[PDB]
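Only one chain is included here, represented as structure tokens and corresponding to the form solved without the ligand.
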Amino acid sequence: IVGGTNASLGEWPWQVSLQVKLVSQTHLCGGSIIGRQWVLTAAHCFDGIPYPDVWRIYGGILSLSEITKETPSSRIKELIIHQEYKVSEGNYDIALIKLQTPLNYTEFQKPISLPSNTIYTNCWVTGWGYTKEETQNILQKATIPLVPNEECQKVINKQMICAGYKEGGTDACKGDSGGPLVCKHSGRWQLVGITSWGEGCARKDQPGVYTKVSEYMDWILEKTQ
């Protein structure tokens, strides 16, 4: 995350860190709790490392230093990458992770509501990725305005969402992929976007791109059975 302030604990209980830890761990990507045994994240996070048993998932934390031997992790029972996703492009950048053991929610770990079709205000982003360019131990926060896609074009499908100041200076960078773009409306927080890609980490006029969760609901419901 870049352009943004440090994270209160409990403020974003749905945020998880996906880590691989082959022999030792490493935070590679973010994700969102959406169900007791379900995390939503970006397909491209698993390009280099599609091996599910190697991944480890941590929620309800703020400082990655808190993770230790006696820190319960979640495991991937099943990794469901969209079938149209292809490594060479940013289309269909979405993935469901079915957890091995269903979580028991707390003050610090709870799900996000999926979007059920409007004009969002108060949209936010989070993550453990650097500002500018290394990895931060403490989760981060920045507020951002949606950019209409048709303007976003400066190929961007109906399945994408864009956000960013075109003055620039706040966006997400590596390690923030698969993390959530959320919005606060009808009094309720919703998960509107999944961070996917943008050229650079936004500088000046480069809005970031996000998978648009609402247009993948059929998919998500289909795959959760």
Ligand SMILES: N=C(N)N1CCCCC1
Contents of the next structure:
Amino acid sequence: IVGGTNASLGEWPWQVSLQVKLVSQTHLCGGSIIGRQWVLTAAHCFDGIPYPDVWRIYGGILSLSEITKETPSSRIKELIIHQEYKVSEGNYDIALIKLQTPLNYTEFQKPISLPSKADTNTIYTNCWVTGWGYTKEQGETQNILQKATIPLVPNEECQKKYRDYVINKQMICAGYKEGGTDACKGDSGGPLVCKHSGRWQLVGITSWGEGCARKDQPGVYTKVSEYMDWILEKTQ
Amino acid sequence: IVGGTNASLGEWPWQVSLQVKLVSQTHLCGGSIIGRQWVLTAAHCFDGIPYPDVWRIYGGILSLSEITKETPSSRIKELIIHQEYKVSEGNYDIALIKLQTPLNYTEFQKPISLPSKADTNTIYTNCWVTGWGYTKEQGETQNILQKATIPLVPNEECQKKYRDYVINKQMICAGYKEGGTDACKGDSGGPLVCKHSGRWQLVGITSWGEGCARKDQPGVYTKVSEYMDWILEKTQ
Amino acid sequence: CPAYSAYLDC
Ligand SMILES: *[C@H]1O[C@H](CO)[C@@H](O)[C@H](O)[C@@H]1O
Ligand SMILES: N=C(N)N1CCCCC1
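Same protein, the form deposited with the ligand bound this time rather than the form solved without the ligand?
Everything in the complex follows now, all chains and molecules, and the chain you saw is the first one.
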């Protein structure tokens, strides 16, 4: 994250590191526990490596440094990427992951609530980004989970700050007019969460942005409320 | 290479390193540029990691040190392993990598001539093996490309040493009985080039033999002259 | 890796 600080154990108990094991293992993507067997991330995280054997998912951890090979992994029973997702595009950037084994919930490992379809036009005032991405452009993966509060930029004002690219209603933008607060490389698939009724809700999934925290270049996030029928369909 | 010495920038411009990139990068194999879009290498270089969008190919570099994010790298569009190759056995050990974008030849990066089908049984005499492999058993990957010359040993002299392994007309052997000069780990898929009529031509591809220059343990190489049919058939 | 890619490799 650009322009944030260490999180604590149990602040963000839904956040997971997705890792790839080839010759060596490494963090690539964030995601969110939404149920015992279910993790929600971005489609672009599996662009290059769509083989689920290869992937490891880790929860209740504050630093990647605390993950070895003797650490229990959740593994992909099933990888559901929205059919409409095209491998080199920003649309339909969302994937569901069924785990082989249901997770045991703890102080440190909890699911986040999803919004109603009814929450589509709701205005959130208190929104946070988390992950182990870069703190700067030309940065490097962090050991300690980062967090940052970010204001939602309404969709029309976000469109006009990206003339080249096309902002959907199924996208949601966050950032300051200048600002150093934003998601970066390695924050892919991580949650934008907002507090609405005193509880946390996954409002967005880190998707794409032009640079990290550049002046007037807000981050763009898959808007989860808009995929709630897709989520019920693929989870039953 | 074992028994080798520092090659020199331009000495072997067909030589490429084959590397697995996630965030990190690891030199795993060598190959030979035979075409703007074509690299020839060993099938067993992709047994452990058969996923293509994880591989990177670097040509016209002398050291792996040279490489950072700056350094441009070809990517696999198609990976064509020999249909009769079997991980159990070391026969038909040959693979063609089709590069995404065509290569732009220089002093440092040029193809190499394939042998002709009729060249089978020709005895070549000015034979070189190149690669970044180990310089000793249980050694480590080399920063700077290593060249070494080596005599061929004909089949039936070779097949004597490989009591349980079948050495056939589709293979060449090369090494010194008491010589201790050979191809070690990381040289697999790398070229065995023997200068003949007047130019260097790829005669064999580094294949197998657990051991590096054990006395009386000559390197086995896929005999490129016996897959000319296959190679041209696969370059429609 | 385009300009918009938030993805780690690049
Ligand atoms: C060398 O030349 C082409 C020309 O576009 C490049 O685009 C490509 O990088 C290739 O390797
Ligand atoms: N939020 C920003 N800036 N992003 C989202 C993650 C991909 C890189 C750009």
